[PDB]
Amino acid sequence: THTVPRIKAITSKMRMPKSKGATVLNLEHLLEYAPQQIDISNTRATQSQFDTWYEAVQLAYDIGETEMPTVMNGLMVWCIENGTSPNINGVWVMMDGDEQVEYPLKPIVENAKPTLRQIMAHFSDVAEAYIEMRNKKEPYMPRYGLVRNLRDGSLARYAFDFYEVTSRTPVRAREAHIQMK
Amino acid sequence: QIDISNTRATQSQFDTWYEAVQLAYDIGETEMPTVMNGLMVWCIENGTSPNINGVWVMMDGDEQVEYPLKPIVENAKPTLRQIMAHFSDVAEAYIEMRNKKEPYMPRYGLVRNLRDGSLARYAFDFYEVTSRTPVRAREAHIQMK
Amino acid sequence: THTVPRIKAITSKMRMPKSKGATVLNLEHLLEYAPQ
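Residue numbers (the entry's author numbering), protein chains in the order written: chain Ab, 41 to 221; chain Ac, 77 to 221; chain Ar, 41 to 76.
In isolation and in its complexed conformation, chain Ab is listed as follows:
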């Protein structure tokens, strides 16, 4: 009785689900299957829906693979400032120089399954990588902020309707979206 007694740690065999004696899962793989948080979320559309929403818009405008990118570059900047739920009728605008050029919104909002927000979320990372660049020159704030009274200056990078709150969001901002959304 010279050895102090150490409490034994009972082992709670987790209840692995089964159907008829065999196991349902194959943990052998479960411990290796590791996706990314965004790519299985619903805040983004599957790469199928996005592939459709890109081919269909590439068709309605009838521009061409070589130049359609430059158009999408505009759609982001437009969405950032205004939002991602406009009237199906109407025109979004992009500019060369100062000659505003309009495009019809119908082919975009219509072919966006289930909604434009999701589809535009595919540019979320690039969106913040664009606002950061913009603010460097001068103080810029997504309008989404100007209507919600945001003047952090640091939260401007994450102020637009189609930011996907992933897991790597500085929490100084995650609060903003839920409060507004």
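Treat the hints as calculated values from the structure; they're not laboratory data.
The C-beta atom is built at its ideal place from N, Cα and C for all residues, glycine as well.
One thing to keep in mind: the hints can contain errors.
[What the hints assert, rightly or not] In silico EDC-like pairs for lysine to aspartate or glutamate, Cα to Cα no more than 20 Å straight-line:
id, chain 1, residue 1, chain 2, residue 2
1, Ac, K176, Ab, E72
2, Ab, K53, Ac, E168
3, Ab, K60, Ac, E107
4, Ac, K153, Ac, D201
5, Ar, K48, Ac, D102
6, Ar, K48, Ac, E95
[Unchecked claim] Incomplete in silico selection of chain Ac near chain Ab, CB under 7 Å:
id, residue
7, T86
8, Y101
9, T110
10, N122
11, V141
12, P144
13, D165
14, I171
15, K176
16, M181
17, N189
18, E215
[Said to hold, decoys possible] Going by beta-carbon spacing under 8 Å, a handful of chain Ac positions derived as facing chain Ar:
id, residue
19, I103
20, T106
21, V111
22, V133
23, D136
24, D138
25, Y143
Fit chains Ac and Ar to the given chain Ab structure using the hints.
Below, chains Ac and Ar alone, put in the same frame as chain Ab:
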């Protein structure tokens, strides 16, 4: 406590909900497990009450693969939540493994403003509050649910 | 068993109408005939 609760479906209902889905996909006993592995991870992040129409996704590499939701939600008696609860214990045993590498949080938390870091293990719609729940978390579900 | 299983898309052979073994239409043209 779990095996007589209603938050889990009887082993009959679950046995049906597994055979029926094994049929609709027509995959095979050998590989259906790997699919169910995806359904959990999908349910964890999104929930367990999606539109009967639509597709849940699982990935090999980065080529998202879609499956139809209809055969799952339909054959789940009385609801998907219950059926998915059979993976509750494995679910937490999966989140714990995930957080080790980096900070991960079920989306169920991100929408409910959860940033405990320790409660992430128990943040998903289909956790069965058994009797062995650390009470630091039992409060979360009732407040949200 | 390292490859995720992809569901096969069964192919619903539309029932092209026929009379006595031969086909009634001539899709060869149907896919080009386009009126207003």
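Evaluated hints:
1. Ac:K176 x Ab:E72: holds (13 Å)
2. Ab:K53 x Ac:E168: holds (13 Å)
3. Ab:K60 x Ac:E107: Holds. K60 of chain Ab to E107 of chain Ac sits at ~16 Å (cutoff 20 Å).
4. Ac:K153 x Ac:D201: holds (17 Å)
5. Ar:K48 x Ac:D102: It holds: about 8 Å lies between the C-alpha atoms, which stays within 20 Å.
6. Ar:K48 x Ac:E95: Holds, because 18 Å separates the two Cα atoms, which is no more than 20 Å.
7. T86: violated (13 Å)
8. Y101: violated (14 Å)
9. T110: For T110 of chain Ac, the interface hint holds, since the closest Cβ of chain Ab sits about 6 Å away, which is under 7 Å.
10. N122: With a minimum Cβ separation of about 5 Å from chain Ab (threshold 7 Å), the hint on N122 of chain Ac holds.
11. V141: Violated, because the Cβ-Cβ distance from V141 of chain Ac to chain Ab comes to roughly 10 Å (cut-off 7 Å).
12. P144: violated (12 Å)
13. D165: Holds - the Cβ of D165 of chain Ac comes within 7 Å of chain Ab, reaching about 4 Å at its closest.
14. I171: Interface hint status for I171 of chain Ac: violated (11 Å vs cutoff 7 Å).
15. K176: Cβ of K176 of chain Ac sits 11 Å from chain Ab, so the hint is violated.
16. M181: Hint on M181 of chain Ac: holds, closest Cβ of chain Ab at ~5 Å, below 7 Å.
17. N189: For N189 of chain Ac, the interface hint holds, since the closest Cβ of chain Ab sits about 6 Å away, which is under 7 Å.
18. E215: violated (19 Å)
19. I103: Because about 5 Å separates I103 of chain Ac from the closest Cβ in chain Ar, which is inside the 8 Å limit, the hint holds.
20. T106: Given a least distance of 6 Å, the restraint on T106 of chain Ac holds.
21. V111: Check passed: Cβ of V111 of chain Ac comes within 6 Å of chain Ar, closer than 8 Å.
22. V133: violated (11 Å)
23. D136: With a closest approach of 4 Å, the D136 of chain Ac hint holds.
24. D138: violated (12 Å)
25. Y143: Status holds, d = 6 Å.
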